[PDB]
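A.B. asks: These are the residues of each chain, in order.
2 protein chains.
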Amino acid sequence: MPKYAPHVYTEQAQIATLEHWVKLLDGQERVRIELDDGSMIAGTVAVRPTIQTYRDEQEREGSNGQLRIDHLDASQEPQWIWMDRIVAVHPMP
Amino acid sequence: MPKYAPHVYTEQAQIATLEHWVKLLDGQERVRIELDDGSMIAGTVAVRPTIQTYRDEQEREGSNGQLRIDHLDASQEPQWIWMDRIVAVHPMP
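Residue numbers (the authors' numbering), protein chains in the order written: chain B, 1 to 93; chain A, 1 to 93.
Rather than coming from a laboratory, the hints here were simulated on the basis of the structure. Do not take every clue at face value.
Note: identical chains are not told apart, hence a pair may lie in one copy or across any two.
Simulated pairs of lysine to any residue, SDA-like, Cα-Cα distance not exceeding 20 Å [unchecked claim]: (1) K3 <-> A42; (2) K23 <-> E59; (3) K23 <-> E77; (4) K3 <-> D37; (5) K3 <-> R48; (6) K23 <-> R55; (7) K23 <-> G38; (8) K3 <-> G62; (9) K3 <-> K23; (10) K3 <-> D73; (11) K23 <-> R60; (12) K3 <-> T44; (13) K23 <-> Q52; (14) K3 <-> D70; (15) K3 <-> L35; (16) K23 <-> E11; (17) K3 <-> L72; (18) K23 <-> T53; (19) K23 <-> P49; (20) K23 <-> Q12; (21) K23 <-> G65.
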């Protein structure tokens with residue numbers, strides 16, 4: 001089954017960004033992710049990001065990816081995020 | 001002992017760019033390169049380049065890399081270029 005995604009990308013610079021994100025959120029070490037709308041998500045990288053091929057509602061094909069960050073609360077609230085939404089990633093330690 | 005380079009970078013966006021170029025410039029691969037001065041060089045990647053730490057004239061440390069391209073008919077004479085000058089890398093030529 002084809003995998004859908006709200007947004008996809010194919011520009012080299014864009015790819016460059018996504019691949020750099022997979023590298024930082026690679027040492028699976030606690031982080032504080034900031035997204036486009038200004039949202040701030042902190043926690044542990046529970047499911048690492050992996051770039052994959054997707055299609056959007058307009059049927060365009062491109063790259064994107066998802067990672068799951070479990071919050072720092074007692075019941076570790078799970079939150080899946082799309083990589084294109086990320087504008088920065090700073091430690092937590 | 002410090003190695004000196006004309007320019008060096010510390011911002012994650014420029015490091016992300018520098019790293020993606022390596023991925024597209026594997027050892028011995030034939031490519032055509034777009035440079036930020038409007039020029040373009042084509043040939044064979046002599047050896048896979050690496051991103052390293054250098055010092056500029058003001059003695060500040062940062063990242064950058066050196067690329068060597070060789071050929072035959074093009075222009076002869078091997079050429080060395082600093083990678084921060086690259087704007088695009090396409091395969092086949």
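A.B. asks: Hint by hint, say whether it matches the structure.
C.D. replies: Now for the hints, and whether the structure bears them out:
In this assembly of identical chains, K3 and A42 lie within 20 Å of each other by CA distance neither inside one copy nor across copies; the values are 27 Å within and 38 Å between. Taking the closest pair of Cα atoms, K23 and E59 never come within 20 Å of each other, the shortest separation being 29 Å inside a single copy and 28 Å across copies. Proximity of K23 to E77 under the C-alpha cut-off of 20 Å is found in neither arrangement, the shortest distances being 24 Å within a copy and 36 Å between copies. In this assembly of identical chains, the alpha carbons of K3 and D37 never lie at most 20 Å apart, being 25 Å within a copy and 41 Å across copies at closest.
In the homo-oligomer, the alpha carbons of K3 and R48 lie at most 20 Å apart inside one protomer (18 Å), although the nearest pairing across protomers, at 35 Å, exceeds that limit. Taking the shortest alpha-carbon separations for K23 and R55, neither the intra-copy value of 24 Å nor the inter-copy value of 25 Å comes in at or below 20 Å. Taking CA atoms no more than 20 Å apart as the test, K23 paired with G38 passes in neither setting, with 22 Å inside one copy and 31 Å between copies. Proximity of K3 and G62 under a CA criterion of 20 Å is satisfied intra-copy only: 11 Å inside one chain copy versus 40 Å between copies.
Proximity of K3 to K23 under the C-alpha cut-off of 20 Å is found in neither arrangement, the shortest distances being 24 Å within a copy and 26 Å between copies. Taking CA atoms no more than 20 Å apart as the test, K3 paired with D73 passes in neither setting, with 31 Å inside one copy and 46 Å between copies. Taking the shortest Cα distances, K23 and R60 never come within 20 Å of each other, neither inside one copy (26 Å) nor across copies (25 Å). Neither within a single protomer nor between protomers do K3 and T44 lie at most 20 Å apart by alpha-carbon distance, with minima of 25 Å and 37 Å respectively.
Taking the closest pair of Cα atoms, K23 and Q52 come within 20 Å of each other both inside a single copy (15 Å) and across two copies (17 Å). For the homomeric pair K3 and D70, neither the shortest alpha-carbon distance inside one copy (23 Å) nor that between copies (42 Å) is at most 20 Å. In this assembly of identical chains, the alpha carbons of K3 and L35 never lie at most 20 Å apart, being 23 Å within a copy and 36 Å across copies at closest. Taking the closest pair of Cα atoms, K23 and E11 come within 20 Å of each other both inside a single copy (19 Å) and across two copies (15 Å).
In this homomeric assembly, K3 and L72 never come within 20 Å of each other (Cα to Cα): the closest approach is 30 Å inside a single copy and 43 Å across copies. Taking the closest pair of Cα atoms, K23 and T53 come within 20 Å of each other both inside a single copy (18 Å) and across two copies (19 Å). Within a single copy, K23 and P49 get their C-alpha atoms as close as 9 Å, and across copies as close as 19 Å, so both meet the 20 Å cut-off. For the homomeric pair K23 and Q12, the shortest alpha-carbon distances inside one copy (16 Å) and between copies (11 Å) are both at most 20 Å.
When the C-alpha separation of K23 and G65 is checked against a cutoff of 20 Å, the pair qualifies both within a copy, at 13 Å, and between copies, at 19 Å.
Consistency with the previously given hints fails for numbers 1, 2, 3, 4, 6, 7, 9, 10, 11, 12, 14, 15, 17, ordered from lowest to highest.
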